[PDB]
Amino acid sequence: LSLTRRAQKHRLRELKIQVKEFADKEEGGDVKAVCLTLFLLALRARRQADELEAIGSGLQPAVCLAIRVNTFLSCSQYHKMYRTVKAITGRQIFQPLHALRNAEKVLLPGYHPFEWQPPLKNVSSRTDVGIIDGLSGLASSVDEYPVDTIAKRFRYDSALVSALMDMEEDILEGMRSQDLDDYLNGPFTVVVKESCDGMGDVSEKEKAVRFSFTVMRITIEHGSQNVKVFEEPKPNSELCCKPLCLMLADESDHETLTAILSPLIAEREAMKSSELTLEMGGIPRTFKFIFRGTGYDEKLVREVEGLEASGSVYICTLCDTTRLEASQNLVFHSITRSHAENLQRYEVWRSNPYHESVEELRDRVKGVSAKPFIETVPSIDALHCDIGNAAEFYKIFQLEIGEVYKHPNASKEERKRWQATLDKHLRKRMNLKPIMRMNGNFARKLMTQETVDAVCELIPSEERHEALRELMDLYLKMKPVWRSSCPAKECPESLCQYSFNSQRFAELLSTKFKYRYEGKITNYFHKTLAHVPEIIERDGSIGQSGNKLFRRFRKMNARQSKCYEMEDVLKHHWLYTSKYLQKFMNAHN
Amino acid sequence: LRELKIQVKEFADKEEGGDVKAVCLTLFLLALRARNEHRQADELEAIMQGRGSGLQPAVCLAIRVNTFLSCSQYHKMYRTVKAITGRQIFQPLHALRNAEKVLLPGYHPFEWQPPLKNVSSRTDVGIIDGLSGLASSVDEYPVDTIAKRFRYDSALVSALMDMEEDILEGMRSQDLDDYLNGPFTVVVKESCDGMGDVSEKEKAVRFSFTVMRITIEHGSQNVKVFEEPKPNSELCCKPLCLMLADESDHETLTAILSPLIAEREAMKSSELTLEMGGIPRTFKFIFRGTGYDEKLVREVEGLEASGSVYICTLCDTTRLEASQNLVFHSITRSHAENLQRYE
Amino acid sequence: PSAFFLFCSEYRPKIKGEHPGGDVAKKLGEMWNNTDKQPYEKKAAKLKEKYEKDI
DNA sequence: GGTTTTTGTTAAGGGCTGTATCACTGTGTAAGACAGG
DNA sequence: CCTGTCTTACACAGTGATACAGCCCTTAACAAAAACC
DNA sequence: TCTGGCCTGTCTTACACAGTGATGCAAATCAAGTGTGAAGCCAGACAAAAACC
Ligand SMILES: [Mn+2]
Ligand SMILES: [Mn+2]
Ligand SMILES: [Zn+2]
Ligand SMILES: [Zn+2]
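Listed in order, the protein sequences are those of chains D, C and S.
So in the numbering used here, spot 89 of the first sequence is number 92, and the numbers just go up one at a time.
So in the numbering used here, spot 103 of the second sequence is number 137, and the numbers just go up one at a time.
So in the numbering used here, spot 54 of the third sequence is number 496, and the numbers just go up one at a time.
Errors might be hidden in some of the hints.
Capping the alpha-carbon separation at 35 Å, the derived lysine-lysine pairs in DSBU-like fashion look like this [as the list claims (entries may be wrong)]:
| id | chain 1 | residue 1 | chain 2 | residue 2 |
| --- | --- | --- | --- | --- |
| 1 | S | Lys490 | D | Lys89 |
| 2 | D | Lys582 | C | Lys135 |
| 3 | D | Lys582 | D | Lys492 |
| 4 | D | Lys558 | C | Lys110 |
| 5 | D | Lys409 | D | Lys586 |
| 6 | D | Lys108 | D | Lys586 |
| 7 | C | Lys258 | D | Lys582 |
| 8 | D | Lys23 | C | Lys39 |
| 9 | D | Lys35 | D | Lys89 |
| 10 | D | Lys12 | D | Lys237 |
| 11 | D | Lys89 | D | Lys517 |
| 12 | D | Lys12 | C | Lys55 |
| 13 | D | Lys208 | C | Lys110 |
| 14 | D | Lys23 | D | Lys35 |
| 15 | D | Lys558 | C | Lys39 |
| 16 | C | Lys235 | D | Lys436 |
| 17 | S | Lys458 | C | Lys116 |
| 18 | D | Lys231 | C | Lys48 |
| 19 | C | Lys110 | C | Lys48 |
| 20 | C | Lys135 | S | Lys456 |
| 21 | C | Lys135 | D | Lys551 |
| 22 | S | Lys484 | C | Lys135 |
| 23 | C | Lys48 | D | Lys35 |
Cβ-Cβ distance ranges computed for the label pairs, FRET-style [claimed, not checked]:
| id | chain 1 | residue 1 | chain 2 | residue 2 | range |
| --- | --- | --- | --- | --- | --- |
| 24 | S | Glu483 | C | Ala296 | 53 to 61 Å |
| 25 | C | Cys105 | S | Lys485 | 33 to 41 Å |
| 26 | C | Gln208 | D | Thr40 | 55 to 63 Å |
Please keep in mind that the hints were generated in silico from the structure rather than gathered at the bench.
By construction, the Cβ of each residue, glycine as well, lies at the ideal position given by its N, Cα and C atoms.
Sequences are here, hints too, so could you generate the full structure?
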């Protein structure tokens, strides 16, 4: 052992030949493994053995990828770190760049094989497919329409495959946690959220659209029961919104948006009619998919479901009401729109079969004046309920200070002085700063009974103190419903009573608050008073960084060339959203 | 494997003496090397020798600063490596802050003999307000700038301590003594430039010095014990004053830089005694303001703008003269002549 | 060594002789420190700067 | 001086390693045509 | 003819991916240095 | 065709909030001692839980 390498080799060469013979006899020539077993058994015969096996003290290449991608280190910076740490400790703590690239191949789309039964309609069956051009073969000749965009995407099914394989460990452990067998292969059901948003300006001194899917929950069929073996804990985190298509284009550019997204919609529609077989943990498993498009803000819903722009008279994306109608009938509306109805109504608009004037036609098709091309599940978020309610309460406070219930007419000066009064008093007694434009936490802080007390300190008549206290009590009775994560379990009585409370709320507004009717009403209020229970039964629940993410990856992890930068950003984004690496970044737990 | 185990126990008792641990380790390492798999073999070697892979706080500081990692990003990497290998390879953030204190000005003591004229004798002085007490009341001239600087001497101290290892090794390589303390002489390059636009969607100026070479006096010879290898790399242009201001805004420029020029002028008249490797040493300084591009030279040496007919910043020639007389011109301008000519 | 560590080293003899088969020195150091440990701090400062010199 | 171990050489090619190299733009800087007195 | 300000122009810093340079290793067979009697 | 009020829409100012290095307190931790126990390994003839004709 004090001997050198040629020495140790010559001094043991006889036993070396003897052992190579003994290994070729039956072992098969994997001398490495027989010597590993020999040395481990020797070590045990005499802690150091476990660490040698680990080389613990050697980071697996996937862990290095996780650290590198999750700390935004460039490859060159990663290498400087690797070589400097190795050179100073003598040990290869981090793995070299080729090991990280090789581990990257596994976590990205196109690595695992799968099958669709029956094969997906209009989708190639190749499984080695990774990042593909997002324009999906769009014609680029000078004759054709000008292409001002660059786009890169995955094939949708291939992405879902990669996602399921990324979360395999959680699926198996969830099956164990439900007292089921690891090898069970019954039909799993995946509920998948689709999201689309524009990421605003990306320019460094240019808009982008991000098309993504989130795995919401995976259930298994064991008897006549659907056992929830996986559910996303943080459904609104960038950590689990998996990137599918990145394009440099304006969400308002309908031509480029449809050209780039129609291929993805074809792949999804074909996945609606099949079962994916995929090998997990040695056992082939079967998966059915349910696609729910819910990550669309109002503007993108109205755009992709052929409705008019947000200024329209048809305020609801869920129902046929008009701003005037929804202000006169507060509560009683049902969810009546659906992708098919909208497609039909577009065809009605385009053919005008009863030969109507444009006004009459628009009334007939209820604002569906363009052809839908994405089936969505339009909803609302907890934020906008508080917001609509706060705007109405703030206007009620202003008008209760000027006693409009008693004085019908007022000049603009009188109204500005009322608002100034209320602003000064809230600053003084509540330490709420006045705001010139509505916002979330303002609503959060203003909708309290304490502020009702404060404003009652400015209202002479105490019958209207009673009115305001009751109105705010109803608001507070409803709020838990749209804010909780599972109203069914967390506040079942509030949800049961929601319809009754909103009825009494509207009746109060219509009787003791006559003055606060002017024929206008917000999308958020109408949805909050009329659609909250139905939305809770459809979805189960109600309750500004993606741009920075895109920009950072663009600057510090991307080749500075128009065709590779997009796929470099897409690859890093996918790696970022992979649960398999996030688990390494939560190792200390 | 019991059969090969008994056979190997036989071969080992034959001559080796029964410390199988070592012979099985050597057999496996040499097999691994035979398969051209050196990395796993070296890692096994390190784990069997037990040499600890703990990075000293200074190495972690080096890595973080040189890879531009934020404290938050470094902390995530630190906690993840610690959690997964169980070993504290990288140090936690506070150890890095404490290692940074050493590398920054204000840590080491020193003295000036004689004491520097109009410069505080405090040695714990760190980052100082670049305005140097400039009046900011609404009555006085408006101050639209932010600037931070070191005390020039304090910076020179920290920099000399930073290259202490190179100074000692250079004396050794010149066949001189480690503990020898004769009067070292440092040639210091001063540089100034505006960094153009800094706005994220506003100009900046950087006042800096580079340590150019350090000589020692050994007899009547000046033995070069250090010389900067890459004198124009950002790696050794040490920052002294960063200001958000326009290199053409003369008022703010002089207000911010005059403190530095006074400190420098005062260091021209003293010898710095400073303790290196246990031995007090003496340093004399030669300041050569050479890192000025033409425009900044002409602005700060009272000359005209570069379009003028007085084209040379080194001579009195005119564009026409220098075109008729190609070769015969001598270097005649000097800071003193220029001050005189302003008068 | 801490004050209590040098203390426990010094009086392990007494507690062991009194009782042949840590806890008693623990208690006594406890109740008398809540109530002369100066040389232990002296030695601690000495050894601290000694290890500090050690590069 | 003998005799054993330790270490090195020769050759022709192979394999993981660390690195200079790739193609590639946006961006800051400064040349400099040109504007304005 | 000028001092000077805007103008467009042109190297270059670094991105991830990738060809290239290279010391270690194998066979067997020698021999020089080394170290014990 | 023409002034006046309503309309779709493009512009604007606005306001939370993501993250920076530093901060500060709570909670580990380390370091000598010394009576314990403890989880895996030690050999050899031979037969069951788990898969090949
Ligand atoms: Mn949006
Ligand atoms: Mn310059
Ligand atoms: Zn509605
Ligand atoms: Zn000249």
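Hints not upheld, ascending by number
2, 5, 7, 10, 11, 15, 17, 18, 19, 20, 24
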